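Every protein chain but one is kept in place in this view of the complex.
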Amino acid sequence: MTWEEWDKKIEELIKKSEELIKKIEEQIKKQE
Amino acid sequence: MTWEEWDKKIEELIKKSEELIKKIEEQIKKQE
Amino acid sequence: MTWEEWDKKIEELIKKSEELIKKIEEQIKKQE
Amino acid sequence: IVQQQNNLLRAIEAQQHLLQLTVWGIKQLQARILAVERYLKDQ
Amino acid sequence: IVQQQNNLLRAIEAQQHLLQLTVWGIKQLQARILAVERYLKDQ
Partner (left out) sequence: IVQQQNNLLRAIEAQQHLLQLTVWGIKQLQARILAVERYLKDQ
């Protein structure tokens, strides 16, 4: 594995993780 | 960013994470 | 702490984390 | 129990910030070892 | 609310892959600093 491949996989997983946190945080506000 | 700033942010986030785990673990015992 | 001890603790925690993800993912499929 | 999920989320948000900080450190160390490896090679 | 847990799980799965990638990097850096430390010693 190459460090630039590492940089690519890290960035994608972080973005995905952030979008999932937004999803959850909104489905709570739809109730609470 | 400075490595001592890094040490400070890491330690605060770990403590906060630990206190949140205690919170959750108790709200389960109040039922189960 | 020794780096080989580090390798041992990391691997155990990853395996445990993976088995817990499988547990949760199945208890959802039992419903949804 | 919706109170629970709001707390499960808060723990995940805290670990999300811890991960970004570890990634920062790994990138810094990788650049520093590379500069050392290149130095020894140039000598 | 079962929709919620399926999303709480998806965030945990994403962080599980991030952790494995950080572990990979730490192992790589540890091997590279060790090779440098040994080089300076052999000289």
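Note that the chains take the letters A, B, C, D and E in the order they are written out, and that residue 1 is the start of every chain.
In this section, contacts are C-beta pairs under 8 Å (C-beta built on N, C-alpha and C of every residue); 3 or more make two chains touch, one makes a residue touch a chain.
Q: If you put the missing chain back, which residues of subunit C would it touch?
A: On the side of subunit C, residues 1, 6, 9-10, 13-14, 16-17, 20-21, 23-24, 27-28 touch the unshown chain.
Q: Write the list of subunit D residues that the hidden chain touches.
A: Counting over the whole complex, subunit D touches the hidden chain at residues 1, 4-5, 8, 11-12, 15, 18-19, 22, 25-26, 29, 32-33, 36, 39-40.
Q: To test your reading of the contact rule: which positions on subunit B touch the chain that is missing from view?
A: Missing-chain contacts on subunit B: residues 3, 10, 14, 17-18, 21, 24-25, 28, 31-32.
We take it that only the chains that are shown with their structure count from here on.
Q: Looking only at C-beta pairs in contact, point me to the busier pair out of A-D and A-E.
A: A-E
Q: Among A-D, A-E or C-E, which pair gives essentially the same interface as B-D, with more than half of the residue-number contact pairs in common?
A: A-E
Q: At what distance in angstrom does the C-alpha mean of subunit E lie from that of subunit A?
A: Roughly 17 Å separates the two chain centres.
Q: Could you pull out the residues of subunit E that touch at least 2 other chains?
A: 4-5, 8, 11-12, 15, 18-19, 25
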